[PDB]
Each structure stands twice: as structure tokens, then as C-alpha cells.
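J.: One letter stands for each residue in the lines below.
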Amino acid sequence: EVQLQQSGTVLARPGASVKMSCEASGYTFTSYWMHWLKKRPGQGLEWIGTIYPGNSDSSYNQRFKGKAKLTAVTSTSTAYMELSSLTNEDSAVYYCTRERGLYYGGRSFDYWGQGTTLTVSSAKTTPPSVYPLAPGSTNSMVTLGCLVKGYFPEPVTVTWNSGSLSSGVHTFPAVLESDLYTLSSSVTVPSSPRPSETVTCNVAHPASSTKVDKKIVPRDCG
Amino acid sequence: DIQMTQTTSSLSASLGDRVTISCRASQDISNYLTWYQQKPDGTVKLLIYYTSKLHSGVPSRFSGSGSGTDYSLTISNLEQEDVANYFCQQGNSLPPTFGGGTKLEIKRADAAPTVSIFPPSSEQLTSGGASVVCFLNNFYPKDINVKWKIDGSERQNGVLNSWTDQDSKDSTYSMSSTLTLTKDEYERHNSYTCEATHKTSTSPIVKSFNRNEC
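Line order of the protein sequences matches chains H and L. Residue numbers for the first sequence, in PDB author numbering: 1 to 137, 141 to 225. Residues in the second sequence are numbered consecutively from 1, following PDB author numbering.
The hints are simulated quantities; they were obtained by calculation from the structure and are not laboratory data. We put the CB at the ideal spot given by N, CA and C, even for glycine. A portion of the hints provided could be inaccurate.
Derived DSBU-like pairs: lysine-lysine, alpha-carbon spacing no greater than 35 Å straight-line [stated by the list, open to error]:
hint: 1; chain 1: L; residue 1: 207; chain 2: H; residue 2: 39
hint: 2; chain 1: H; residue 1: 214; chain 2: L; residue 2: 142
hint: 3; chain 1: H; residue 1: 69; chain 2: L; residue 2: 45
Pair by pair, the computed Cβ-Cβ distance ranges are [said to hold, decoys possible]:
hint: 4; chain 1: H; residue 1: 63; chain 2: L; residue 2: 81; range: 32 to 38 Å
hint: 5; chain 1: L; residue 1: 57; chain 2: H; residue 2: 222; range: 39 to 45 Å
hint: 6; chain 1: H; residue 1: 182; chain 2: L; residue 2: 14; range: 38 to 44 Å
The whole structure should be built from the sequences, with the hints applied where relevant.
T.: Below, the structure is given as C-alpha cells:
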């Protein structure tokens with residue numbers, strides 16, 4: 001019905017500026033107010049400002065005054081937000097949404113974008129190091148994994164034996180360490196089929212155009 | 001500045017059960033209150049406006065109530081797709097303000113974590129670093145604590161944890177705890193232990209290894 005389509009994930013350096021867009025569709029863009037919101041992980045949704053396409057009338061939060069500039073292009077029915085003097089606290093997911101009075105007096109937002117993720121860091125694109133995780137020196144099942152370390156930016160993709168093992172697998176969300184991302188993935192198999200047939204974790208990091216395959220092999224001593 | 005708070009960050013319930021999410025305002029917002037649903041994919045949908053008014057296209061199992069400073073959202077017969085983050089916002093005054101949200105999760109039988117520990121790879125040691133990884137897989141409920149112990153002393157630095165969202169299939173949680181050190185620090189100690197304590201057992205789950213050992 002009323003579709004809004006926001007821009008893809010964006011990487012930016014501190015001190016830099018970014019410009020994200022929201023394509024409106026399914027209605028008359030010049031009639032309803034568009035609103036921009038900022039979502040940080042631990043915290044609630046925060047209101048930045050709003051713009052009325054057609055007359056370009058705007059209203060801003062005092063906190064985002066000088067930081068966020070809002071604008072609208074009627075021809076393409078697209079709204080834009082520009083963020084200046086970027087910091088790490090600006091890293092978040094930004095939402096574009098439409099305001100409409102569903103009741104006389106009230107303010108609600110009836111249709112939303114899918115969100116745009118902004119990542120601010122001084123980190124440069126760095127490939128991941130992939131390390132096999134085999135147990136030391141036994142039950143019916145055995146757990147393996149591979150640690151993917153020191154890569155940037157997100158995302159990275161992990162599979163096992165080219166996807167032939169979709170089960171007993173847990174791939175964990177990355178965490179940030181020294182401006183570099185890190186995650187690990189686990190895979191569980193019966194202990195019957197393993198050192199005997201191959202188990203391999205496959206890591207992909209498109210940003211650096213690298214694909215790596217680490218076959219998990221038991222560590223013996225000597 | 002009219003701050004909307006949702007005391008409960010996470011809420012557990014079963015399918016078919018009636019669940020109620022609460023929202024509170026710092027001042028009277030005069031029944032101008034709206035509820036939203038945010039699924040994991042990240043999409044947002046408006047559910048209820050003016051506290052009790054159901055938006056077009058929304059199932060009737062959704063209901064809303066409240067007045068003054070307190071408001072509540074109700075789901076009569078919980079379905080699997082009703083698993084999401086629910087948050088409120090006030091439409092009485094500017095700026096518009098939202099609640100932190102209430103995450104809805106599914107309820108199941110308590111299950112102990114399957115714990116596995118992994119010494120650093122020989123390949124990582126060539127780089128100069130040492131990461132000891134501990135997997136805690138498929139347990140419920142989600143609340144859990146991991147303890148890193150080296151020999152006799154506890155270690156809180158270099159430990160990074162990561163939690164999965166609730167599995168949409170077996171309704172369990174999994175977690176990885178990773179202790180990161182440098183080669184020298186790793187080689188100057190012997191016993192490395194990963195202890196997990198969970199509702200399912202009074203005794204901690206202990207997995208360890210010794211670097212001197214093969």
C-alpha cells in the first residue's frame with residue numbers, strides 16, 4: 001500500500017558527513033509529514049525532526065539542531081537526511097516514517113521504512129582471520148567451531164561444508180573489539196562421523212572480497 | 001520532556017496465552033497513546049492509536065487500555081508471529097517520545113547448557129594472540145552467567161560474550177564466551193576454566209583444560 005524504501009547500510013568516518021534517503025510511494029508525498037527517528041540498541045526510539053514536502057516546512061529537536069538537516073524532493077518523492085560532524089554516538093539505525101492524525105488531537109506514525117543502519121568508525125576495511133576450533137587431547144556428540152577475528156566492516160558469512168550442515172549450528176552476533184569485529188560459529192555432529200569425514204567452516208567477507216575455508220582437524224601432540 | 005518508560009524489557013509467555021505490555025508516562029498525555037510492533041527483520045507496524053483504537057488491518061486479538069499516565073497493550077491469543085518487540089509513543093506533546101520497548105519471547109521447559117571449551121589454535125599463536133572460546137548452547141531460560149577462572153584467580157578482562165536471539169524452532173538460547181589474551185600471558189598460566197551457572201542446576205557447569213597437557 002504505502003511503501004517507504006530507505007537507503008542501504010552506510011559506513012562513515014568521525015568528523016565526516018552522511019546522507020540517507022527514503023523513497024515514498026503509494027500516496028501523495030506532498031501532503032503528509034515525514035519523520036526521522038534514531039534507534040540505538042540499549043535505548044528507545046528518538047525523534048530527530050520532520051519535514052513537510054511541498055513547502056519544505058521543518059521542525060527539529062533541540063538536540064539535533066545543527067546536526068541533522070532534513071530535505072525533500074517532490075519529483076522523485078524522496079526524503080533525505082544529512083548528518084554532519086559525525087561521532088560514534090551517531091552510530092545507530094535511522095527510521096523514516098509518515099505522520100497521520102488518526103484521531104483529532106493526536107500524533108501517530110502509520111507507515112515506516114525498513115530502517116537504515118549507520119556505522120561510524122575510524123577503522124579501515126580489514127580482512128578476517130579464521131581459526132579452527134578443535135577440542136583438546141568424549142560423548143556421543145562433539146562440538147566444533149571456527150573463530151572469525153579482526154574483520155571490518157560487517158557482515159561476514161559463515162557456513163559448514165558449503166552448507167551441507169545446516170543443523171546443530173550456532174553462529175553468533177559479532178562484537179566490537181578495538182574497532183574490529185569478531186564472531187564465532189559452532190557446529191555439532193555425532194562423534195561417530197568426525198575425524199573420519201571432513202568438517203569445514205567457510206567464511207566470506209565480501210567487503211574485502213575474501214573467501215576462506217578452514218577444515219577442522221584434530222590437534223594431536225608431538 | 002514527557003518520558004515514556006516500559007519497566008519490563010523482556011516478557012515470556014506461551015502460545016494461546018493472554019499477554020499484557022505496560023507503558024507509563026511522566027505526565028498526563030490525555031489518552032493520546034499509540035502502540036507499535038517491531039519484528040526481528042526490523043519492520044514496524046502500527047497497532048493501536050488513542051489508547052484503545054485499533055488500526056485498519058490489525059487482528060482483533062489486539063487490544064489497548066489505560067488513562068492518564070498508565071497504558072497497556074493486550075494480546076488475547078498469542079500466535080507465533082506475535083513474537084516481537086512492542087513499544088509505545090505519546091502523541092500529546094512535542095517532541096514525540098517512545099518507550100524502550102518490551103521484547104516478547106516464548107516459554108518452554110528449562111534446559112541446561114551444553115558446554116564446550118576450546119584452547120587457542122596453533123594458527124592464532126603464530127600471530128601473537130590467544131583466544132580461549134567457550135560455547136554454551138541450547139539452554140533456557142536466557143538469564144545466565146559465565147565465569148572465567150585462570151588457575152585460582154578470576155579474570156574479567158578480555159572476555160567478550162555474544163548471545164543469540166531466541167531460536168524460533170526449539171525456543172532455546174545459545175551463547176559464546178571468548179577470553180582473549182596475548183601469547184605471553186597465555187603461556188605464563190596453566191589452568192583455564194569456563195564456569196556456567198544456570199537455573200537448571202545448583203552446581204556450575206565446569207569445562208577446563210591445561211596448556212601443558214597434550
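J.: Hint by hint, say whether it matches the structure.
T.: Going through the hints against the structure:
{"no.": "1", "hint": "L:207 / H:39", "in the structure": "violated (38 Å)"}
{"no.": "2", "hint": "H:214 / L:142", "in the structure": "holds (33 Å)"}
{"no.": "3", "hint": "H:69 / L:45", "in the structure": "holds (26 Å)"}
{"no.": "4", "hint": "H:63 / L:81: 32 to 38 Å", "in the structure": "holds (35 Å)"}
{"no.": "5", "hint": "L:57 / H:222: 39 to 45 Å", "in the structure": "violated (57 Å)"}
{"no.": "6", "hint": "H:182 / L:14: 38 to 44 Å", "in the structure": "holds (42 Å)"}
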